[PDB]
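Below sits a lone chain in structure tokens, taken as the form deposited in one PDB entry.
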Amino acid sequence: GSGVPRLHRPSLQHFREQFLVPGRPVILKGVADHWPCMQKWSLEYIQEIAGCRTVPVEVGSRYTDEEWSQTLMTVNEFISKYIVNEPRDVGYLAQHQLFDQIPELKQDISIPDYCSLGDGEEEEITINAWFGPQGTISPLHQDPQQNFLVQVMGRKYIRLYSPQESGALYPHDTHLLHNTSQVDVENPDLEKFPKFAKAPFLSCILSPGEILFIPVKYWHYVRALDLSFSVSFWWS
């Protein structure tokens, strides 16, 4: 496929018309790049503000066979165990609303203006922290709302497949896992999943300051390339 387009602070109507309404992915630059989080958030500072709080942590590379488990620990324990000291397994602080838990971290972000183009209420926008070492993998999956994924620390390799291509992505049959792909994007078994080979996609390397707009129900797979902190806004 091709690289995801990058636009420097598009006007709202131009984002509405070329991207939101047709549902095409884009990176928005010059938008979140000066938010306080971009210069303020570090291991020192995350420990200082959030260190003693309780967070859920996903342990294991990815979630299919339950090797993957979910646990709870303090942010300090997560940093020390899964990031700093030669971790024994991949832990990921994933899909957690950490800014409703620590309001003082919410002062470091904002809700992007483009969300007001939606039909939903600003109070109901779901804000999720994603924080973990180099190498976390979110398997190919789709989400029920629009998403702004704001990169803060580190880089993420991302791949996007359209809803129109779902027939080549082999979703799990169980309605629980309905929206997750059985395919390992970066090493697909093409004996089992042959149609995955021909399906087109976009990909990118998302970097700090940059916002990736993921259209509703667009499939995405995400691998952190460095120690990484992203913040997702689910809106509608």
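Numbering follows the first chain given and starts at 1. By rigid core we mean the largest C-alpha set that fits within 1.5 Å across both forms. Only residues modelled in both forms are compared. What changes on going to the form deposited in another entry:
Looking at CA displacements between the two forms with the core superposed, a shift of 2 Å or more is confined, among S207, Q47, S61, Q39, to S61. In sequence order, there is one run of three or more residues whose C-alphas all shift by 2 angstroms or more between the two forms, with the rigid core superposed, and it is 60-69.
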Given for the second form:
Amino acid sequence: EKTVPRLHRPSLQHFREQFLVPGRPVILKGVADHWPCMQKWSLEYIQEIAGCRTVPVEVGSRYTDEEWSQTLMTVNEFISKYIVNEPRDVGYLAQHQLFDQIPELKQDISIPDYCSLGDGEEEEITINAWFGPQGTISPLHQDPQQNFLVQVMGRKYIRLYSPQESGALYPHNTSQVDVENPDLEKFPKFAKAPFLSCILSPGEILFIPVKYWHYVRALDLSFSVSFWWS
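I would like to compare: after the form deposited in one PDB entry, may I see the structure of the form deposited in another entry?
All you get below is the one chain by itself.
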């Protein structure tokens, strides 16, 4: 497939002019790979620091509002039931501001310098945790802000469609199409829609331009951190 480009610590100017302004995706290397989270986060570290904390957990496909659901449980309960022993069902600790809830963890991360290129102020950047077993899947969708998706534990497969291709994406903000199991009959335009893809690995940051369409499956036990900014 066509792969998202990878750059080691590109200047602020180059990032702005070649990716930010024109809305082109890119993977940034050498930027987050030495944040303390990269060496510190593990099942055991997370359980030790945050195991007792209460967090929202998704179960089900996020294609339709009616198709998924969240329940509150401790981090230990979530790891026990959905990661370790020995998951029948798929649970995802997704889209949760864990780092406002647990300021100890926020110390293990950092706000990417590139964020200073936007209009908004730093305090207004939304930082979400995405913590889950191999096999979690976020259906194709778009978000209203710029995004730096930081991979911390494990790898994700990520597929990206320009907003220029919204039409071939048979929306309902979220696509009706199962990106990895599409129905060629029900949505013909899809299969020839062009895209970029990647396997996002620890230390790596994917820049997802505002409104850019993205699909995401965790290949391993996974932990990512997104920064929604403007």
